[PDB]
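Could you put the whole structure together from the sequences, leaning on the hints where they help?
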Amino acid sequence: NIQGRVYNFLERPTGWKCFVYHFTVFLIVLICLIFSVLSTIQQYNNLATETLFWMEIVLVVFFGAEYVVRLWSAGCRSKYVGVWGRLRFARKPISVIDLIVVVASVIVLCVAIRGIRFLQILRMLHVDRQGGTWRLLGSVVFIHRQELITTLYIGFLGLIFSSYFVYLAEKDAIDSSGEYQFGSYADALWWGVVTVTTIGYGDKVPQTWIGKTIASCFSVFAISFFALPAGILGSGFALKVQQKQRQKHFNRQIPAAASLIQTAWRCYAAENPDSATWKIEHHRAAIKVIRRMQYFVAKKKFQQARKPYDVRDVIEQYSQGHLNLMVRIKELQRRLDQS
Amino acid sequence: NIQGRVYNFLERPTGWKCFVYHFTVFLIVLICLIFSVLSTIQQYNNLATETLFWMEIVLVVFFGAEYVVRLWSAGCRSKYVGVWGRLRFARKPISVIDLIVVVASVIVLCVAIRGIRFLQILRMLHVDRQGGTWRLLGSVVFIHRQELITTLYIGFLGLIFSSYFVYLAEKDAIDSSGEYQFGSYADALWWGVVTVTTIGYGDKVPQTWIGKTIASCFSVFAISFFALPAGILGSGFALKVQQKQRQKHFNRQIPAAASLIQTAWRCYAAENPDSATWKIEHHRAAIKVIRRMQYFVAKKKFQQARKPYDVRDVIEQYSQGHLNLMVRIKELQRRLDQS
Amino acid sequence: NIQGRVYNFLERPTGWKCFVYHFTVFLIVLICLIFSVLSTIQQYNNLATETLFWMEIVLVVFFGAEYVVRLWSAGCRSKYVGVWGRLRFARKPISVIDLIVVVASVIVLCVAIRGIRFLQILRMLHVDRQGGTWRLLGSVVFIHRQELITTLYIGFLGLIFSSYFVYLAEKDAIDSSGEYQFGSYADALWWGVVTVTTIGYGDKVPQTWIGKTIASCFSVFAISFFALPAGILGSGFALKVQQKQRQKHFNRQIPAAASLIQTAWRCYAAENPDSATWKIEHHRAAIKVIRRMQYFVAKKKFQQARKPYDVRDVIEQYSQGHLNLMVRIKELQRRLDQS
Amino acid sequence: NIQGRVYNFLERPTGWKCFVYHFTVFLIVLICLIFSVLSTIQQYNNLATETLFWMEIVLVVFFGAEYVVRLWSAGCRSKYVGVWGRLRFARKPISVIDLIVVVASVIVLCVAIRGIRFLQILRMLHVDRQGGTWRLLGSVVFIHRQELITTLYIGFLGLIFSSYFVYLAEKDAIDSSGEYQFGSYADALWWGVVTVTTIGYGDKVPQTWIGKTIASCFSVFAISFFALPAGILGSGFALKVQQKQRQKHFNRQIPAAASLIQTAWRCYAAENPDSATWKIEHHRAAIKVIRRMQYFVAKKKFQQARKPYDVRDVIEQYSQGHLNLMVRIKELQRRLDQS
Amino acid sequence: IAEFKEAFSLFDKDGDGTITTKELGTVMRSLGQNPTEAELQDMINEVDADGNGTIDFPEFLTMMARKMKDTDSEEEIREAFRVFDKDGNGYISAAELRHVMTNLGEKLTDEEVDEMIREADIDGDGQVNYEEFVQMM
Amino acid sequence: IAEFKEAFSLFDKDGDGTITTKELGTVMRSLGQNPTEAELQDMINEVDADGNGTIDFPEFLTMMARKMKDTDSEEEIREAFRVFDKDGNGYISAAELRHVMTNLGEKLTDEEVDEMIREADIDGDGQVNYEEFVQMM
Amino acid sequence: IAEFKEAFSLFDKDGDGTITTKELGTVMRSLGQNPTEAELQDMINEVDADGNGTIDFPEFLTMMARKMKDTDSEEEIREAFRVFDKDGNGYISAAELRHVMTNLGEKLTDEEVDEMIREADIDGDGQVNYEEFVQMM
Amino acid sequence: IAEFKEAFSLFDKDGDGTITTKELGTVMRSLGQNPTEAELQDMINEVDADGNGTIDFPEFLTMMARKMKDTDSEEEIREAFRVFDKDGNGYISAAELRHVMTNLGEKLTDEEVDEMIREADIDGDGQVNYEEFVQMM
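For the record, the sequence lines run as chains G, E, C, A, F, H, D and B.
What the first sequence shows, in the deposited numbering, is residues 95 to 205, 216 to 384, 497 to 555, in sequence order.
What the second sequence shows, in the deposited numbering, is residues 95 to 205, 216 to 384, 497 to 555, in sequence order.
What the third sequence shows, in the deposited numbering, is residues 95 to 205, 216 to 384, 497 to 555, in sequence order.
What the fourth sequence shows, in the deposited numbering, is residues 95 to 205, 216 to 384, 497 to 555, in sequence order.
Be aware that the fifth sequence starts at 10, since it is given in the deposited numbering, and climbs by one per residue.
Be aware that the sixth sequence starts at 10, since it is given in the deposited numbering, and climbs by one per residue.
Be aware that the seventh sequence starts at 10, since it is given in the deposited numbering, and climbs by one per residue.
Be aware that the eighth sequence starts at 10, since it is given in the deposited numbering, and climbs by one per residue.
No lab work stands behind these hints, which were simulated from the structure alone.
Idealized CB from N, CA, C, for every residue including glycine.
Hints are not guaranteed to be accurate.
Mimicking SDA-like on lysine to any residue, the simulated pairs with C-alpha atoms at most 20 angstroms apart in a straight line are [claimed, not checked]:
| hint | chain 1 | residue 1 | chain 2 | residue 2 |
| --- | --- | --- | --- | --- |
| 1 | C | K516 | D | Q136 |
| 2 | E | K275 | E | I247 |
| 3 | A | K517 | B | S39 |
| 4 | G | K316 | G | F354 |
| 5 | A | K383 | B | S39 |
| 6 | C | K523 | D | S82 |
| 7 | A | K516 | B | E141 |
| 8 | G | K517 | G | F354 |
| 9 | C | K344 | E | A501 |
| 10 | C | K344 | A | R350 |
| 11 | H | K95 | H | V143 |
| 12 | C | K546 | A | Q536 |
| 13 | F | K22 | E | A502 |
| 14 | E | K504 | F | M73 |
| 15 | C | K344 | C | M228 |
| 16 | E | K173 | E | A159 |
| 17 | C | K352 | F | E55 |
| 18 | G | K316 | C | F129 |
| 19 | F | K76 | E | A501 |
| 20 | E | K348 | E | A502 |
| 21 | H | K22 | H | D57 |
Derived list of chain A stretches under chain B, where covered just means 3 residues or more per stretch with a C-beta under 8 angstroms from a C-beta of chain B [unchecked claim]:
| hint | stretch |
| --- | --- |
| 22 | 115-128 |
| 23 | 293-304 |
| 24 | 347-359 |
| 25 | 503-510 |
If you want the footprint, here are the derived chain C segments under chain D, 3+ residues with CB under 8 angstroms [said to hold, decoys possible]:
| hint | stretch |
| --- | --- |
| 26 | 186-194 |
| 27 | 318-328 |
| 28 | 532-543 |
Following this line, the structure appears as structure tokens:
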């Protein structure tokens, strides 16, 4: 099963040995970028080209061999077995990116600086294989979809209104050297975008007291609506992290997992009248409904075993215990009134 | 009931079919704005006017027909039935905005650029119909009303004091070209507003070591008081989001809802001496008080069914169960001591 | 008891009638400030002085009469009754501020612009009477004293080191016009303070690639340590707000409050051998110890009645109930084994 | 035991008396730095050197005597007793820093301004002895290691892409005075670093509408990814602070601590066949396994006593109580069916 | 004014000056309701103002001084109806209302439901306007 | 269509028009299962749509109208198998599957397990591809 | 000094060297108080310093070494009075104080309340200054 | 290797192939310990690896394969001693250690404590260095 051993190393690294390999690859890729940056500078333009030639000729070969080895090793999983299974694996976006960058590098070396410079940037997207960072950020953003839309909409509306008012108050003022700064609505909007994001290049500043008053009343209120998404997302991340300390231990969910599968199979097996499950004649109609109920009960019980602890489980536990003790107490009661 | 079907589509969209329609309307409105921006620029001033004429002449007609259809379809709800009911519907702020923009566009086309330019901006407020974003932001802000006031007050006081001190330390310093930058308290206050909101245009910079020292001691402390509302509101939004995962399931609140209405009607029915509710003579005075107590009990029970779970419900559940089991145990005790 | 009625209106406002009065006073004070600002401007210097004279002559009289009425009405509370009690009331910082501003205004009107201008600023501290904003901010900051110190210390250390490195890398570079920007460590430190607080006036920018690299590596990491206190305080405020929805209802703490006082008095009364509490002779030594234990039990029970709900109360409740039921069950057991 | 008394004062201060001493030392060190800053300025260069000479000659002696006293007093703890124990104490980083600064100061005074200036800065790292600030920040950062990496990676990627696009759109535009601002990819990257960290020096501003549009679309989205770590860390700090109010009281963990040690010793003692623990012959094989189980039970019980309260303890408590009551009830049942 | 002394004394059979759970249960049993201890517990708790477990006379005056037709209570009845409204339009079918009020909660008898359906539903058609019905009550 | 009346009436022995816990327990005991009160409680709760504690006929139609082969339910069965897969490769040993399905949870008899192992594991070798096995079911 | 040996030995009837719940209950019953097991549990818990469930002699010294007239405890008594003060002015009516101290909590007898009302309320008028009353105690 | 079959079979008296609570309780009672059901419950739970409530043979091998002298477990014993150390200096008085180990928790007999005090405390003076004592164990 050396195929799975190779696939674990290339696709699913966990050890320090694989960490060193990935770190080396990432640092080689990063070193590649720096020499590209220095090539645009006129002083270092000459030598950088010849250095980059010999760097690229080996880096395209290194990445090309790695891709075909990765593709072959992907067949160990039953999800990708077979020719169509492997074609399903190449459908993944990361494999598409790798294929595109390899083919583009080969074509570029066959024949343009604006292309190789962009390719050496796209190569940075290789380091992350499993897509964990996107898989986390997307979920966290999707949970809070409403408030982000609300704050962005309100901030955009405030920017649109305030910029027009400032343009109205400022379009007739001359600068010190002499150039109408707010000569059009586009310039006022460019000023507004700079101020809401608290950058403040200082290339455009209001000149009249009306504009200064409007900007002063505008900044203290509309600035908060653009620093709010970070405050929402950070708190969301922290709260999500906190739940990791209250996980139900993985060892205790096994019986529910077995029960779900067994009940599902038993519900399916009723379709064959000669199946051995009948060995435990109109009663079969009620038997099917009983198994149908049991399937839903098992499915409901499975989901609760994968969630963190909550007060609802305490309430349910007390509910079950109370009636259990109650019926036993009533039984003892009846045993006493027998005499 | 096609009236309700139309009202659901126009006022209360849920489907992708309605989503496409609203998206198209919003993008048409947004496209309208861009050509307005390019009309102020001298180069594109000519053609933009004629394009905007033919855009506006169709957009005012499209919005006009939509308004009357929306008004008629609003009569399906009993809240808006009747002539006075429909006049109650037009009282809503969104309908007022739509009517104002339609009438203003018609009047403008009848006869001015500074008016149509503002109208094309106010048109953006049409996209959101139910008012959900405001209905959420207002509640979240209202919950935290105290701390926002506190931080704004303290920050404003600090700005007022520090700006006056800087003005005192800086009013006699000449710039490099030569223009007294802090020649008045207003200029120092304008500098202070720019710095507290961390914009920093750089048009006014202190020149003497006293002013630099005061500004350095001022920035590191008073800046936090103006980035604090965003930090409060983001955490509030995240905490409000977290509660959505602990909602009591809507299916379980039905019996309490029925009980509240039934008890209220029974309490009201006692006013008629010949009502059939008496079929279950000074006892009626106590009966009325018993029903009065039951009404309050039912009302209290209804509210708890709409709130998320909390430890208080666990405490109350244990309280009820303990005395129930206790009295049954005491009953069995007495049954035993009978002999 | 009109004295208490007046003191409630002046010191402890709750109604809209008092809200209007305080709002009017605050707006008059704020209007006073604006004319002071416009007096520094040369154009409006003349008229502003005469307007401010007639404003101040009535505002000093209005505040003077209010102070003596406030002082007299403070005697309704037993805390401030008597001459020494009233002298204790004037010891409060707000009364000191009011007295200082009134006396200073009177003296200024007796005889200087730099004094009255500062006095009209200090007058803004009058609006808040109970000190609630400070009483909240101080507590919230005091809870989180450790982390604020940690982050400030680390940020300051990073600033000190990075600024010295930039000074070392930059002290020999000439500007375009020609003026050594980083000619001393003080100038580099001034640049560092501007950058860590993300203001960026742009008056000093690095010129050599070493300085640019150091600043680029410095900004992305040391900036976070100065925006962190706001993130801590906002989350603290939100979490403190959340607890307000889980308050134990005030009606249920009365019996514990009565029990604490009664047990304390009973513990004290044992000191007199002829007190009537003995009516319920070496047993008195054990009686005193029993009452001593009961006092601590009552004091412990009182504190729990003022705290919000928590899981510890559930644990304690189950603890008590379990042994209660256990001993009753054992009693019934023994009753059965009797035969 | 005066050795421990001295070590408590120097290493482990708790009192106000030690607080004053440490405060005085820190303020002397800070005063030392300020005169170093003023020495670089040409005006105060002369006198500052002679002042710093006499300051340093006494400060190096003060710190030298303190180090040897600290080293000797460290032998009171059994961890550092013996010669090798004391050499283990000097291995700590803080002692290394102190030794380095003392030796460097002595060498500098023996013979250079760029060295003493750096030494007077490194001296600030002396104030914190226990390393609490680092010990807290490191843990808090380590808990949230994943999200910080995610956000930094995404922000860096966005910066890299957007800066290249802006460089492509801007490399052919001339400034007003005339100097190609975006003449290379390095200049565009320097502009990008300034904008993502919302500093905005304003030395480089886009000139063409394509660049302005790209920057406007870039700022509102990529800025949040660099203010996010502060929002994460602040919420983490606040949540960690909140748990401090739910600590299990230290007095209640003693019996578990004793039980763990006793069970461990009993498990170890079985190795000697003649140990007195056998006084309570193939049964010893099962006895060893029983003690092995008891050791794990005790170890598990110890850990729960150091954690704050949680719903899992309530669930476990109900679990134990329910079966206890159940078996007693069944016993009473059997006693009844006996007749 | 203050005729509640008669009712309070009627509830207070033993004359201790307070209303205990046993007295309330006995009075209820005199009417054949047969409640459980828990229902009496909540009923007494909902009125108790000093938190002692019993009902004093001034608390009885305070409870009787409360009045309906307050918006904070009318909104509750309005929200209760909206649970059964499948569209929120303000209309509910007569059959659904009858079934809900007969087969859930307190389970009124048919005669009370019939009087209710005539006190409301003046429209006569398939849908009943419950908003005016709440307004009248 | 609507043949469920027969089964519903069979469950509803006393004919009150609803399915109570006692009737379900009696029917189960007629088959020799002997369940506890708690299992009946969850089984009734999982179907109850009006939250009254009993089962009405329209709720029976609603429950019977649900169908399998929905992705939201197929993913559950897929996740259940992954608990026992030591590598997530999509293969499980026949002996481990047999041991798990015999000695845990519902504890099927050997004959059912044997029919299962022949309905699946067409590969015949040491590892069974459970993905197609889930797909077929 | 250290006369507490006599009292500790008096409580420790069986002489094991510790104070158990049974001994405390027996001593209390000798005085006719008849407490429940729970009250004894909290009373022992409030003193226990080693968390074993019993009371040792050094813990008895530690408990007896505590003293009143500490601000952290005086503030508690001050806050307790403010619950009944309808205005926070520092005055409470004599009748209200008498009713509260007689009909709530420990329910003192009339004779103790009368001695209290004369040890305090030197003002004689309708309102009693409780701040000095707390100060004296 | 694999001599644990003998011990496992000794615990498994009835030979079902598993270790149940009843068997463990019977074996413990054969030694005169008389544990409660709860202690047996935690003892079985602490070993159970498949979460069924019983102990299988491979779980017995897994439990017996664990070894001490791991830092994650040595730190626990080190922290346990620091609770009684009043200064954290690494020294504890012999009398305090004897009292704690005799009067708390498992309550060892005097003979075991005496052997312990000679296996440790080679210093002989008033303070015992517990760090080396933990290291040896």
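Each hint, compared with the structure:
{"no.": "1", "hint": "C:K516 with D:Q136", "result": "violated (30 angstroms)"}
{"no.": "2", "hint": "E:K275 with E:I247", "result": "violated (44 angstroms)"}
{"no.": "3", "hint": "A:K517 with B:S39", "result": "violated (26 angstroms)"}
{"no.": "4", "hint": "G:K316 with G:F354", "result": "violated (62 angstroms)"}
{"no.": "5", "hint": "A:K383 with B:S39", "result": "holds (16 angstroms)"}
{"no.": "6", "hint": "C:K523 with D:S82", "result": "holds (17 angstroms)"}
{"no.": "7", "hint": "A:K516 with B:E141", "result": "violated (24 angstroms)"}
{"no.": "8", "hint": "G:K517 with G:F354", "result": "holds (15 angstroms)"}
{"no.": "9", "hint": "C:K344 with E:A501", "result": "violated (48 angstroms)"}
{"no.": "10", "hint": "C:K344 with A:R350", "result": "holds (15 angstroms)"}
{"no.": "11", "hint": "H:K95 with H:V143", "result": "holds (18 angstroms)"}
{"no.": "12", "hint": "C:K546 with A:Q536", "result": "holds (18 angstroms)"}
{"no.": "13", "hint": "F:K22 with E:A502", "result": "holds (13 angstroms)"}
{"no.": "14", "hint": "E:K504 with F:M73", "result": "holds (11 angstroms)"}
{"no.": "15", "hint": "C:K344 with C:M228", "result": "violated (29 angstroms)"}
{"no.": "16", "hint": "E:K173 with E:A159", "result": "violated (23 angstroms)"}
{"no.": "17", "hint": "C:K352 with F:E55", "result": "holds (16 angstroms)"}
{"no.": "18", "hint": "G:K316 with C:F129", "result": "holds (18 angstroms)"}
{"no.": "19", "hint": "F:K76 with E:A501", "result": "holds (17 angstroms)"}
{"no.": "20", "hint": "E:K348 with E:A502", "result": "violated (44 angstroms)"}
{"no.": "21", "hint": "H:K22 with H:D57", "result": "holds (19 angstroms)"}
{"no.": "22", "hint": "115-128", "result": "violated (count 0)"}
{"no.": "23", "hint": "293-304", "result": "violated (count 0)"}
{"no.": "24", "hint": "347-359", "result": "holds (count 3)"}
{"no.": "25", "hint": "503-510", "result": "holds (count 6)"}
{"no.": "26", "hint": "186-194", "result": "violated (count 0)"}
{"no.": "27", "hint": "318-328", "result": "violated (count 0)"}
{"no.": "28", "hint": "532-543", "result": "holds (count 4)"}
Consistency note: the structure conflicts with the earlier hints numbered 1, 2, 3, 4, 7, 9, 15, 16, 20, 22, 23, 26 and 27.
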